[PDB]
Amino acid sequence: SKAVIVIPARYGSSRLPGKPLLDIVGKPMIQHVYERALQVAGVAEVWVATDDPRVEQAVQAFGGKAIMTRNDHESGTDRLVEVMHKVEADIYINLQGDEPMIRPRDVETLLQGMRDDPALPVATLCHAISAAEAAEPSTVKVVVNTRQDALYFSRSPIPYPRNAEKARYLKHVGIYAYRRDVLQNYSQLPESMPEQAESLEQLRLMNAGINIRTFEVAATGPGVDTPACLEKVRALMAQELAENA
């Protein structure tokens, strides 16, 4: 069971031009993700999927494996489908190029889940959040069953707080593990109405009846999206260097 980690890293960003190349304690952000991806036990290779030559250069510059992909890709999953044809593996893990604080152990939890059940097509992560955080549309919530299979994903607060004290929210962490056959059949799947409404790509899989198991982990580090969170990451990353000295 060969498994590879793919890291989509596109330069063009609205509120942060050249986001993967931003410096964090002396290294480009993309490098931090790559370095952490390398610490994940059970992974054969680690690739960075990109559509910008500057990003490709920066990755090769530190000895990382880069693979150019089309720029006309509407979704980040289509990008993984293109990489799938060239890079062979049984399990593909999609890490986000803008989360430098990813814990290698969480990705191993994901990978182990995929290996413990050969019939599981897709797997993802989630963690507990308060009711106040769950109210944010920018935050994606998820509800699971006893087998931890996802029932639905939404920007709306679910479950609804009818009996407020009984509600427990789970924030969806955008890291996925896909079986090879799911990616082979992906481009044939049509866009669902909930997907287009919520603007959540993962609902395309649920429309087709593809099961997505969601594993719970502790609260994840703050992902870099705003310069306010960027400084917190820089200081939180630097605080980590001096603690492990």
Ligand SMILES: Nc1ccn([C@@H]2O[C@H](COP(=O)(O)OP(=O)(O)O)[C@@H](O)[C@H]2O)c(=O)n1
Given for the second form:
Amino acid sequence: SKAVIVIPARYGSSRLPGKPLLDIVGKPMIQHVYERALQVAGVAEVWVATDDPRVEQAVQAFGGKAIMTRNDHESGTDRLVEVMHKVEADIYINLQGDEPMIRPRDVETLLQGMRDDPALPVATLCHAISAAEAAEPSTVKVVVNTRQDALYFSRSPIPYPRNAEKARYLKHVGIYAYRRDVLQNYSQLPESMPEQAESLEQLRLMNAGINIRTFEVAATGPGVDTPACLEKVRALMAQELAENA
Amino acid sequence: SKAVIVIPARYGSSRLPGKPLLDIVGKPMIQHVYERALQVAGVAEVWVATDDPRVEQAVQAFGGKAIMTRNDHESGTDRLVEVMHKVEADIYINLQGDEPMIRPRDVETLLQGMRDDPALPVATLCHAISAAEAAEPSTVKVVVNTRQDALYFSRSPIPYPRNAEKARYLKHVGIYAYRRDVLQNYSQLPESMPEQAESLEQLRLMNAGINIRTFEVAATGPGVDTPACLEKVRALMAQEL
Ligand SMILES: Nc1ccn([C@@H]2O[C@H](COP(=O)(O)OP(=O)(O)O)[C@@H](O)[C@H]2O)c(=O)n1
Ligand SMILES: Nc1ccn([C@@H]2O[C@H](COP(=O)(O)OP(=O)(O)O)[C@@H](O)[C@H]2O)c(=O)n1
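To complete the pair, please output the form deposited with the named molecule bound; the form deposited without the named molecule was given just before.
Zooming out: every chain and molecule, the one shown earlier first.
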């Protein structure tokens, strides 16, 4: 069972032009993700999928593997489907190019889940959040059954707090593991109404009846979208280098 | 494939004591539901499951069949499980005793769905509602997939309207059809966190991984919970003559 990690890294970004190239403790952001991806046991290769030559050059400059993809891609999943035809594997893991604080152990949990159940098509991550955080539409909530299979993903607070003290919220962490066959049949899937309404691409899979198992992990580090969080990542990243002395 | 209709009708109610016996244009509410249930093709028997002797006698008075059940049940679903042991069938349809405006056609759609797919454990109904109506916590929303299987039931407006013009809403209509095996295993199912938070008993089934197919019908008539709704139903059933 061969598994590879693909890191989609688009340059073009509105509030952060050239986001993967931003410096964090002397290295571009994309490098931090790549270095951490390399620490994941059981992975054969790590690739960076991009549509911009400046990102491809930055990646090659530190010796990483880069693959140019079409710029007409509407999402990180469509970009992964194109990489799938060229890079062979049984399990593809999609890592965000803008989350430099990813824990290698969490990706291993995801990979072990896939290997422990050959019938599982897709696997993703989640962590507990408070009711106050769950109120934000920018945060994606998920509700699961006893087998930890996702029932639904939403920007609306789910479950609804009728009996508030009984509610427990789970935040969806955008890291995915796909079986090869799911990606091969992906482009044939039509867009769903819930997907278009919520603007959550993962609902396209749920519409087609494709099961998505969600594994729970500890609260993850802050991502990078706002320059307010960027400074916290830099200080948090630097604080980490001094701790491991 | 024997199918039976069970109408849970306890005497008590916080807002309308003795609800099943309330008069609606000459007949107690329970009789209206029972008579409409009798118009459903493909059903072998119709039973009223009750906890009170006054309800039982009223049903027998008009010629219907009634069965006494325990008074300690918390839901009509639990009451149905007790009946399943006494009345043998392959498919059990659970009708609300306080929804006298039920269309026999809608119950037939539900029954046909169960018969068209032997693997289907549970089936229920739903109908389109506006975005304004979906915002109400008292209205239960449901989201389905291409095969019309429910993904989740919630009091929250789902799907979330990020792109408002793309969102389409469905309201869950509390009528259910259960395969016998589901009812035999019901008492073993643990309550779920989502069930307790939302206060929706059907989430106990989803938690256990039991599939629930949702069939779409036209907007339904109002139920009778408050004395205000009772006056509206009386008016609606009067002009319907
Ligand atoms: N059309 C797109 C959109 C996102 N992506 C990538 O997929 C991940 C998730 O994107 P995102 O939610 O942070 O939104 P943006 O990165 O586009 O600002 C990032 O690594 C993106 O660069 C992509 O490769 N192609
Ligand atoms: N403990 C209970 C609660 C409801 N029910 C029945 O289930 C149906 C719907 O009840 P409901 O929960 O929606 O509202 P209530 O009738 O309980 O006030 C009615 O026909 C009730 O008589 C029951 O048989 N036993």
